[PDB]
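To begin, one chain is listed below as structure tokens, in the form deposited in one PDB entry.
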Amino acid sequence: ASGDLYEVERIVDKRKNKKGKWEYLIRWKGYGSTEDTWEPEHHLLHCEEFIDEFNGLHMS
């Protein structure tokens, strides 16, 4: 109900709205500049692959 999830190519621009909250002009992965939309801050996400934190450890 919060909006459909899509991958982001990049953040094109930023602004503050009338309510003093941050909005982000998003370039959507697979779409051009015409399809760029202003999204509220809480709509942005960082995704990560599941990792085995032990593989990363360095021995000597």
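Only residues modelled in both forms are compared. Throughout, rigid core stands for the largest set of C-alpha atoms superposing within 1.5 Å between the two forms. Positions refer to the first chain, counted from 1. Compared with the form deposited in another entry:
Core-based superposition between the two forms shows that the consecutive residues, three or more at a time, whose C-alphas shift by 2 angstroms or more lie in one run only, 46 to 58.
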Contents of the next structure:
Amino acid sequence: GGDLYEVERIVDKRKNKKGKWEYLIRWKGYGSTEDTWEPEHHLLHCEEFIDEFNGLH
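Let's see the other form, the form deposited in another entry, since the form deposited in one PDB entry is already up.
All you get below is the one chain by itself.
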């Protein structure tokens, strides 16, 4: 179903128990220690970062 923060990039991805994607987010201005796993619905138009991670360019 959280406060908005700017995303720098996507570090990793995985499937949850329900078969949907979750993404490990690198938050702009923060280090790897603060990365969090977030479901798709928490990302607001992050298609560019998802494409970069998947290699689409």
